[PDB]
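Below you'll find only one chain, the form deposited in one PDB entry, shown as structure tokens.
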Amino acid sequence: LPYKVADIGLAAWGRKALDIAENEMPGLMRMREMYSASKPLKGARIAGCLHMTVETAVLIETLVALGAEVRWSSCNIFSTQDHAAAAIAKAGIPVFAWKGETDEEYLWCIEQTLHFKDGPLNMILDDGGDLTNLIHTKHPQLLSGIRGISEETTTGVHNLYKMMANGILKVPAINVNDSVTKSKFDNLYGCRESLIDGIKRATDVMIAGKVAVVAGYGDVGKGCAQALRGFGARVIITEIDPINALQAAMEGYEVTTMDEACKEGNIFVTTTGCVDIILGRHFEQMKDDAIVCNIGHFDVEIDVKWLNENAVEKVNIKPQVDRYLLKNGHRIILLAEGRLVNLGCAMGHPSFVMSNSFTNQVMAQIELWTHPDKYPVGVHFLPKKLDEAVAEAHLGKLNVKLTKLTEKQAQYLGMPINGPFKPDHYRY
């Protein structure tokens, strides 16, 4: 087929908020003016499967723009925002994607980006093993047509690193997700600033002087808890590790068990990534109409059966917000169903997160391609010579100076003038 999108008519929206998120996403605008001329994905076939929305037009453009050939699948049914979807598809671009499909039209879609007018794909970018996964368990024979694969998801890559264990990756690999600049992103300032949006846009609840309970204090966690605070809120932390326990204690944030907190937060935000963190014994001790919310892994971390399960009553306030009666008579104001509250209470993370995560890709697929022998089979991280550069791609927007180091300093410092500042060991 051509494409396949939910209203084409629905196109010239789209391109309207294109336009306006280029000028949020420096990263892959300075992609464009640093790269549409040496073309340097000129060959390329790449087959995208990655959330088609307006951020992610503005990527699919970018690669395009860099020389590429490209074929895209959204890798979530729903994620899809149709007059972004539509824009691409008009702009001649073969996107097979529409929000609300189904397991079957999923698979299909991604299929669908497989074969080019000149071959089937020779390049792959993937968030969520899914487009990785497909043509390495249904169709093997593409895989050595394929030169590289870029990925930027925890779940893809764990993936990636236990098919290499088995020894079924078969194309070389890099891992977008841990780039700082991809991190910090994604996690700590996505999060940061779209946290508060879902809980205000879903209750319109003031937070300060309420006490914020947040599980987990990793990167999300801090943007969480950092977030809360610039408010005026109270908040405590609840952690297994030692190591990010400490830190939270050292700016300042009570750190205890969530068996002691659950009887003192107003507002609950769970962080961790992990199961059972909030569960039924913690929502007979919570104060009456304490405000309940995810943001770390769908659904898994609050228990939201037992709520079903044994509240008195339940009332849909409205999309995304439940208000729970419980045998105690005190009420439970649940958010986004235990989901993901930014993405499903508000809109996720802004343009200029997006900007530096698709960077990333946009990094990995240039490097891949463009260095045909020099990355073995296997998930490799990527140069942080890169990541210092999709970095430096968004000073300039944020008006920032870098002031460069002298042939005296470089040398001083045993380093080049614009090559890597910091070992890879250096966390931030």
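Numbering follows the first chain given and starts at 1. First, how it differs from the form deposited in another entry.
- Rigid-part rearrangement between these two forms places its hinge, out of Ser351, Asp130, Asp303, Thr154, at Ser351.
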Second form
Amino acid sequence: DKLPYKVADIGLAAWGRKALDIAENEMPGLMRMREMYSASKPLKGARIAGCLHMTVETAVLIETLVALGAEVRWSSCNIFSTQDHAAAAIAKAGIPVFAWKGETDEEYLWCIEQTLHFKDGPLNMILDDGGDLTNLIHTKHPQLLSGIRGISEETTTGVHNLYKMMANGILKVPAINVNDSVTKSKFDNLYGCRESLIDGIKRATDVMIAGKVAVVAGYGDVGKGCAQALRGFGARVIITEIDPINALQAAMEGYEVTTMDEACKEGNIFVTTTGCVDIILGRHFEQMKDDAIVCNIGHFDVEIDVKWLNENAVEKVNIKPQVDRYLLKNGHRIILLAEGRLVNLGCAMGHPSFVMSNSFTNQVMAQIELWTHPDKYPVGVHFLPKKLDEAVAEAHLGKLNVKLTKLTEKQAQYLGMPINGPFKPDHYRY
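Requested next: the structure of the form deposited in another entry (the form deposited in one PDB entry having been shown above).
The text that comes after this line covers the one chain and nothing more.
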């Protein structure tokens, strides 16, 4: 392609490598895939074009993929999710990375297109996060379609769209749904957001959660992780939902479940963990308490109506990067975070490295699968063998010094399951 890469500051690499150094020791999964595959190099010959937030954790993923003999050209899947010191260490490392914190819609797309063509040919693999890359290609670069051996979607929103495509026979290349791995969804979205949400908020506003009424729209794994977090600091969490089953779980957990039409008048902190549009409108903004902290954590920023804020506020003042304090015609203030984009990543460092090793291990596996055994994955979104899913968890058990139990021949017989073989039926919801 063009320039070898492009980032905010390459002089940040020296620092980023330190972050990467510390990060590596916290991601047993990726480092594990390295020891057993560094030599084998199952990814040899592969040209992976990724679109995942360019953070330090992702840096370890990229360096792992390369260790497996892959050829990588990266880009961030969010205009604010990029970590400039992490990206600097990667570029300085020779990996063509085109990502920097605070890009423009235009620069963002350029960065993505920058990863399509390699030295010895175009991308033959895709590691997407949000579907932006797989979508760009399917609708703008069809010519390259027939050459991509596979897709790797990591987020719910993207995987959601992955199915949509198939639903219309649009999907033209076999995909593996990584986000929906037990070790992925139940650990990353849930446990990660629990720790990364409050971070985005605090680093941004530095507000005290205790004694505040926080409103969470959506009760999925992210909504569950977020709620738990605020609730654990002393905030009264109110939940809004459209799914009766997800609504009951919340109620059963002691959370009040209402409509944003009602909650907007009580909330002090508004978090949208939904992947839907029109979650927080002006009809709610005009109802929010003075200095209400509004932010979104759902992948795409389509939940909060920021345009309204910008088109109906009496005044807009920027506190600091990704922190704007509007003044409504009613005299009430509204603190909008990260311009409505992902809050943990846009205002903080995102999920911690240990939990990202889970998702990323699934990512390294998904890639080896699609590349190594293509004929095993027809055009359509697939899941990773539970035996593999089990391999991910088992990989981080040691760092935590967990001592797992081993079934005896008699017990395994009793339960009618392999001492090591998958211990749960597919339908099992862990």
